[PDB]
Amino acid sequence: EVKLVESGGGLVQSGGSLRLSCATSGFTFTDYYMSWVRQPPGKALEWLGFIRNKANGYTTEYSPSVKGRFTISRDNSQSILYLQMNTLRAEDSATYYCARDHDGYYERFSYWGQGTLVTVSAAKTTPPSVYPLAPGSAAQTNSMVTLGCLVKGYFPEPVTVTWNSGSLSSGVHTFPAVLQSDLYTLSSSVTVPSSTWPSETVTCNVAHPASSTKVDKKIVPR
């Protein structure tokens, strides 16, 4: 199995530096060029640069947009790719992806990592408040029941939300965060048969990596 996993994303101040990593396995790393690509929230992909394979001396090239400011390197003993970013500005806020690139023949990016999100801002890290969403005085006898969690007042993005440790994925809607007064809020709904709640437990699992927050919130009737 080919795996690409980026790390290192987070909050950094304008003017600052940040280095991302991309751990790889499942292919002969030195045989491949590797690229970095970024994507501002809701915008297009932008190719940033590559580092060539062993046959081509591991040389680097960059988009004019970042040449002189970003540097790519690689550890060929551990199969890790790096992106050093300097003099960061708000326009650099984006999801950063590593992608497997050319092997001397094929023209394609075969594989991409999950991406790591970089936020360039002066705002401080704020952990979320996580509140349960249980029905008030509703009928409940409506065949299905919808529960939720409100993840309020955090910074920066992202947060992750799962339900029952990912066992409940069907009938889950996690609503995109909205920014207000320097803080994000999102919510997540889950819909299950009434015969299973509250007789069985339903818990939302929330994480906010920037503050290392981990929350498990049981939805209790009341």
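Definition used throughout: the rigid core is the maximal C-alpha set that superposes within 1.5 Å between two forms. Numbering follows the first chain given and starts at 1. Residues that one form lacks are left out of the comparison. First, how it differs from the form deposited in another entry.
- When both forms sit on the same rigid core, the CA shifts between the two forms reach 2 angstroms or more only at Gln140 out of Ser121, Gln84, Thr87, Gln140.
- Annotation for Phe109: C-alpha shift of 2 angstroms or more between the two forms, rigid core superposed.
- Displacement of the C-alpha atoms by 2 Å or more across three or more consecutive residues between the two forms, following core superposition, is confined to the runs 103-109, 137-141.
To test you: the structure above is the form deposited in one PDB entry. What is the structure of the form deposited in another entry?
Coming up is the bare chain, nothing alongside it.
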């Protein structure tokens, strides 16, 4: 199974350095070029550079934008790609993706990781407070009931939110986080049949990588 997982992302201060990693599987890492591409929130994709295969000496090329600041290497034994970032700045805050590259000559590829978010900032890492959103004691309408989860006051992004460990997918709207001062707040709504809640369990699962925190908040009536 071809899979690429980036990690190492998170919070780093200005002028600081950071090293991202990308674990690959499902193919011969050895003879494949590998690229790093980044994307600032709401912006276009930007190629950063690559590192060629052994058949080509495992050599590297970069874009003028990262000239003498970032470095690409690959631990061929570990079969893992890395990206050393230096003298970072606000403009470097973005999602970094690794991708299996080669050279048009070959026909195949098209593999990217889910990406890791790097936030360059001085603000303090803060875990989220997770609050259940259940209907007021009021008389709600519909054979359907909408529940919620308020994930408040964390930093930096991101947070991952799932319902019943991913089992509840259909009927989920997770709203983009909004920043206030140096803290993010987001919410997620899920709608389910009134005959299923509260007779069945409905739990909001929140993970906050930067602070290594996981919270499961069960939504209970009244």
